[PDB]
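First comes one chain, alone, set out as structure tokens in the form deposited without N-methylisoquinolin-1-amine.
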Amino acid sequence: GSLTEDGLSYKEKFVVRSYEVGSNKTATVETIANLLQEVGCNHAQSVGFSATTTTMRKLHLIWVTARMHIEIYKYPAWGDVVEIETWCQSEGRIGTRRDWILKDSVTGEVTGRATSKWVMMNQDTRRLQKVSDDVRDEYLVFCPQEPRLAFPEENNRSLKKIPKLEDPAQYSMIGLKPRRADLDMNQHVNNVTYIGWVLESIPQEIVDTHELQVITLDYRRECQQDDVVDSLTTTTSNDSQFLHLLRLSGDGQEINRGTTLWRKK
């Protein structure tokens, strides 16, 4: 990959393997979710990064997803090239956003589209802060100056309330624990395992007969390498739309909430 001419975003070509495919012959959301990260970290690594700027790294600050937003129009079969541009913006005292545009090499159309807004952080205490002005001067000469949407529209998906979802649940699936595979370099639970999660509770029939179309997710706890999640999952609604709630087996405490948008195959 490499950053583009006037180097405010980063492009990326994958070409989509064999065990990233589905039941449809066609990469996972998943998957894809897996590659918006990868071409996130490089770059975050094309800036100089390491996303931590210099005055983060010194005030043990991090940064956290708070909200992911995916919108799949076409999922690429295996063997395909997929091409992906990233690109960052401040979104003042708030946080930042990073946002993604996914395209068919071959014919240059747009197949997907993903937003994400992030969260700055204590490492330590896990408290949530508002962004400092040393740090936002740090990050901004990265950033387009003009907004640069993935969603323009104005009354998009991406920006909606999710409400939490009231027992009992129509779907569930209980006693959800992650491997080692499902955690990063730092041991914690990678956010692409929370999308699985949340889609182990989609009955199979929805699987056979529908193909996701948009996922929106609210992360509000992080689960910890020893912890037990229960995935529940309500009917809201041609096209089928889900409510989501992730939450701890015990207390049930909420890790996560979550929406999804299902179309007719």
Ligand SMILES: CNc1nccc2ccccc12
Given for the second form:
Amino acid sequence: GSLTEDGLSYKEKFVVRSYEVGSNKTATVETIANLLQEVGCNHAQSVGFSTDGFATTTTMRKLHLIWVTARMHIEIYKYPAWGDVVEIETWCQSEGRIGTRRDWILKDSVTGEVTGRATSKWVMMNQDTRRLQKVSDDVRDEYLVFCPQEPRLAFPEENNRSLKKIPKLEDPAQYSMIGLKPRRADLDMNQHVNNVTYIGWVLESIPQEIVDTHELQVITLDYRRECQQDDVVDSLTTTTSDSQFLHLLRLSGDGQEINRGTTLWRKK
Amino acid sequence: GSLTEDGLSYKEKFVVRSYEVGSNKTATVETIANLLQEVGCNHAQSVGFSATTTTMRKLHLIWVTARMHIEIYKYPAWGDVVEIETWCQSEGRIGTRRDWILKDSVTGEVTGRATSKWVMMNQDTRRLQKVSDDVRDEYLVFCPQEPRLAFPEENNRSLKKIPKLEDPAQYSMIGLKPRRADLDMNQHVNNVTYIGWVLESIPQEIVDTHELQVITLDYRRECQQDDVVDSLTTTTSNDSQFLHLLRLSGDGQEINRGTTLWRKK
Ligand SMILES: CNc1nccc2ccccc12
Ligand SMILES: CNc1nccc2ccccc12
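Please give the other form, namely the form deposited with N-methylisoquinolin-1-amine bound, since only the form deposited without N-methylisoquinolin-1-amine has been shown so far.
What follows is the entire complex, opening with the chain shown before.
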């Protein structure tokens, strides 16, 4: 992989692996989400930031501050096949004091056509107290020299799906998958549950018949609270409709919300 | 990746990814096991298999893993390039063997090695069978004729008999279930998931202060998509050794048995 000519974005190619594909012999949405995080990490390393998933700067490290995902939005037009080469371009933008945004464009390497796009909202948090804060001038200036100055959006359209408000699923859920627990392979290098695991847990409550006859086109996921290594999760889904669903991940015991989301599926 | 000059083995390079590493910023044993299966699949494609032969496909026959044995001397770091060479050998009518050698691409030194035993099974009835001459001849032209072993030693760890863990287990992890990411392209639980489930019953203190050196895993029965598994471990031992058992949560039906060897960091 490499930073582009102007140094304001990063590109990387990936060959889709045999264990990365589902029943249609094309990459799963979790494989796509892992590749998005991999190219994001390689972009941060290339410009001298922390590589542990937090993309931390000098002044953030001293203050015990980290970047955490608030929302992930992914739209796939065509899933790359096993053995195919996918090219992913990524860039970051400051969103004033609110936080940062990381965007991605996925392309078929052979044809050059756009096969997918993604966007993510990140907020600043103290890693110890878990308290959120606005972005200071000191931190904005340090990130701004690595971001395009004019707006560059993967989702430019007015009132697009990436900015919609997600409601809270009401009991009873139409479908559920209970007792979901992370194993060591679900953890990152910091022993925290990887953000992609939550995407998998959301999808666990979609019936197998939908998965077998439909393709996932859009997924929007809000992150409210983290699942700890010894926590247990319940995944809930209700049809709201193409097939659309409303999703809720909550702790198995007290019912504490960890995530909420929506998915849109197209008939094969 | 590519077949080597003589066409009897296959090599491929991999750059270790950020999500593929553990707490020490080096590849997990499950990442290694996934790379081993990926290079095995690329070797099969390069010589025209899909790893069934023409005779196997009409008879509804498949190769299934009976045992996996992996030894790691040094886990590759995040961002490091690892080179893996793999080859197959026929073991008469018993089945086949796939071997691997892992090397650090920069230094060229051997950082790991692995071996696996495969048996022929009817896809539908799940009945095992001896390898016929028709199948044997079809794959022999893709294998070295003289023996080539990743584990040549006289009394090596890859061929040891594994006993059945006796209740009560010293440690356990209960209620393990596969999710869709644990399934392969055929909707079967990926062989690497079982390695993860075995390791789930090792205490976090061992993982935090030791490095996994050797893992030997026998495959007896498959975990179905709607099955639930219990992972059991008992210490058998500067080095720590454990005996492992995976069994179905309900009836206690054995699915796997294994052993692990860990060295102090
Ligand atoms: C995936 N990592 C994380 N997600 C949420 C909150 C976190 C707080 C501290 C360190 C890591 C965190
Ligand atoms: C990982 N795949 C498998 N493991 C065991 C038995 C199997 C039987 C039929 C098809 C696939 C099988």
